[PDB]
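Every protein chain of the complex appears in place save one, which is left out.
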Amino acid sequence: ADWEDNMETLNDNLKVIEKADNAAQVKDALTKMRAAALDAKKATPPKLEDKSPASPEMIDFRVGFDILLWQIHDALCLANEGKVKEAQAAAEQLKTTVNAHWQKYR
Amino acid sequence: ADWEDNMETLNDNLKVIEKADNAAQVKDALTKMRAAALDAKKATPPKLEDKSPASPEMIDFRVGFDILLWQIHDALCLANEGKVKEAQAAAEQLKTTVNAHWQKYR
Partner (left out) sequence: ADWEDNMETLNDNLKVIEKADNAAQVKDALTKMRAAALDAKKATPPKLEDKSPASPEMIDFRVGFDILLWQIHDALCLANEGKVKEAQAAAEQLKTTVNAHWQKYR
């Protein structure tokens, strides 16, 4: 999946989490977010297509998904202990990061 | 260590987990798997020895080990809760990922 599609997957599951009822839904959405973030590390945003795959710009891009992955880990750790409200609060901070990465590279 | 020896370490510890009797044994095996996966991320597998370390194929290889590392982390989270049987079930998914990586890159 290209970068834009993976970002769409991230946002779709953020909405799933924000409207969620129980821990299971939150966990399944966070698991899909992790998979999308990892897949996006293999992608190239259109504006960086001319750059080296290991250029500092592309390193920045991939490590931005590492930042997201660690925030996803925190929310999923909260969700697996049944802390659904804390997991949703943390997902709200996930949306800020996702939006910032979207704005930076699109 | 080389990629192939890291892959042996992953397979060996998967067997350890399959037979494990308590949470400390599962945690220990998964910790060794994490070390081997991180070490393998610095390696070049046999299929990609004709590729540059910063080629897209090698970036994708390294992301594949990131994927493995996050699956290891899930099993380790179950084991840290003393849920031995759940963690062994999770390591079933690790086996699929490891075997797929073996077939793709050997």
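Per-chain residue numbering starts at 1, and chain names A and B are given in the order in which the chains are listed.
The definition used in the following text is that a contact is a pair of C-beta atoms (placed from the backbone, for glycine too) under 8 Å apart; a residue touches a chain by one contact, two chains touch by 3 or more.
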item: Contact residue for the chain not shown (choose from B:1, B:16 or B:38); value: B:38
item: Residue among A:22, A:52 or A:96 touching the omitted chain; value: A:52
item: Touch list for subunit B against the chain that is not drawn; value: 34, 38, 41-42, 52-54, 62, 66, 69, 73, 80
item: Subunit A residues touching the omitted chain (full complex); value: 52-56, 59-60, 63, 66-67, 70, 73, 77
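Here, only the chains that are shown with their structure count from here on.
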item: Inter-centroid spacing, subunit B versus subunit A (mean Cα positions, whole Å); value: 22
